[PDB]
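Have a look below at one chain only, the form deposited without the ligand, in structure tokens format.
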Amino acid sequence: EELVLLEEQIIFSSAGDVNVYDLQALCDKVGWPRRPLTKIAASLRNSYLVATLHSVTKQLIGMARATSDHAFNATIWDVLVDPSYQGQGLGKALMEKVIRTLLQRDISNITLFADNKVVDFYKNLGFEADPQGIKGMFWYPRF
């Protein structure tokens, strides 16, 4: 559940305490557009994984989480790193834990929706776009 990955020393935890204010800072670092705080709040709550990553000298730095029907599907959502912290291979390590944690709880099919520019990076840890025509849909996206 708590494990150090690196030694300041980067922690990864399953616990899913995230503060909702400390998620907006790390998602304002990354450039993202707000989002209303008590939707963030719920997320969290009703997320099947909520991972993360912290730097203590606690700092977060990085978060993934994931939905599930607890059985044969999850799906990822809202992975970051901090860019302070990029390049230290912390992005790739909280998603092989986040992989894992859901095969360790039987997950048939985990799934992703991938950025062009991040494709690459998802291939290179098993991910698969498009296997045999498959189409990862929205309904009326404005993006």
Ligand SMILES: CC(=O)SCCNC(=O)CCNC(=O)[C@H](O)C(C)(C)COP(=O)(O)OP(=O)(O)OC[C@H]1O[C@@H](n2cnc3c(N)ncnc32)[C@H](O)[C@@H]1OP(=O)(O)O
Contents of the next structure:
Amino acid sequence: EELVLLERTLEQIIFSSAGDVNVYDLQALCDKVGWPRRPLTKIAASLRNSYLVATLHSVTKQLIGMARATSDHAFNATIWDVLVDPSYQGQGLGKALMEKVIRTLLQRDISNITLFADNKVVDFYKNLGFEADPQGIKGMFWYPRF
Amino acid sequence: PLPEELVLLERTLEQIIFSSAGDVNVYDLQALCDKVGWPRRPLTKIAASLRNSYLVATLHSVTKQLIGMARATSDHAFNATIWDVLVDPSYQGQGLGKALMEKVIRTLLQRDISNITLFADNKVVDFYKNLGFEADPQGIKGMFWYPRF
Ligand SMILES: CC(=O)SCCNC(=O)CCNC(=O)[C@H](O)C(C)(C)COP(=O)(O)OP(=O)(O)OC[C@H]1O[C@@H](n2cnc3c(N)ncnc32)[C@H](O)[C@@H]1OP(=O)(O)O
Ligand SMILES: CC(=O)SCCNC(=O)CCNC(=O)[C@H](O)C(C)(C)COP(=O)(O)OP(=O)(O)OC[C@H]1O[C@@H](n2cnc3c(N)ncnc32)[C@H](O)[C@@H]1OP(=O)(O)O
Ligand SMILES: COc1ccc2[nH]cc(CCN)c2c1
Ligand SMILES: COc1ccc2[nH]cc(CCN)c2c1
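Output the structure of the form deposited with the ligand bound; the preceding block shows the form deposited without the ligand.
Expanding to the full complex; the earlier chain stays at the top.
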């Protein structure tokens, strides 16, 4: 559940599966990457209803990474909202976070791990093993507004 | 407002009721899955997936026979994903799949989930395009981790 990813010095990055994510901290994190504000009670509703909530913390605690997944607790998991503090990207942390996400889902016996990737991020997930439109399957949205 | 359960159609020589009540018997479901050719899954895990599905929607043939089902997970606020849309082959081609999906979308809209998603086999993509679903908007790709299919 908890786990020290790395340690540096001039700081240790901790990965957790607890979901101890305070919605104010996550609102800050989201703002840094330019995601639009959303009602904290709705954010909190979506975290409370996420089968998996994974976090990166930089204890010197500061939330610097998150991923989450909805699942039907049996067959299928979908990964929404993975993000790493901009001051921390390029350090291999997005990779680490995802890698424990996939492992934790595989341990809970979810064999169908899916996501929806934006154009500029598809190649980061292809590296980790994800494969777009396998055998022609297509991901579809009802009247999107992106 | 769309009620929890309602009657879609009336024919004789049988009415067809939709419901989002979610009370589907895992046995009946297992048999419907057999008909469409699906391999059988462990009942306790099917039971777990229905239990953990935000929306379970049924089509029954009163005269109760399960003839249609769709389900969706969700995070209760933002996103929803529709899995296992299926209709008994004897009742396909009647507009029942179309009817079932429209109610699913409406229910998810009423609960104010605005991001409604699914993953479509190649053969069924046009079916969902008819209903307003758009594939790969803005380059977004649906991805799977090491798919075995
Ligand atoms: C969630 C969705 O549905 S879409 C994804 C949402 N994510 C976002 O775009 C929000 C902001 N993004 C981020 O937080 C980060 O850019 C992330 C999560 C995409 C990646 O974080 P980073 O820390 O930059 O990635 P990390 O440092 O772990 O790099 C991992 C590997 O992927 C590579 N990589 C990083 N970014 C990208 C990219 N945009 N495209 C391709 N490869 C990339 C890195 O080079 C590295 O490769 P290597 O291990 O082979 O050297
Ligand atoms: C579940 C997923 O996420 S992927 C979908 C997986 N589903 C399956 O493979 C299970 C087996 N297949 C089925 O259950 C059925 O084919 C369904 C549910 C897809 C369709 O059910 P049906 O009752 O046959 O559909 P319905 O009668 O409502 O057909 C509606 C319309 O869509 C059209 N349509 C039906 N099947 C298809 C198809 N495969 N591709 C494109 N259009 C189709 C029909 O011709 C009909 O035309 P209309 O525009 O005149 O109405
Ligand atoms: C509503 O959540 C989703 C789902 C899929 C998505 N693809 C791209 C984005 C933009 C943010 N990278 C996004 C958001
Ligand atoms: C072949 O394994 C998988 C994986 C996910 C699936 N969803 C629905 C089905 C029935 C066939 N479409 C299915 C099968």
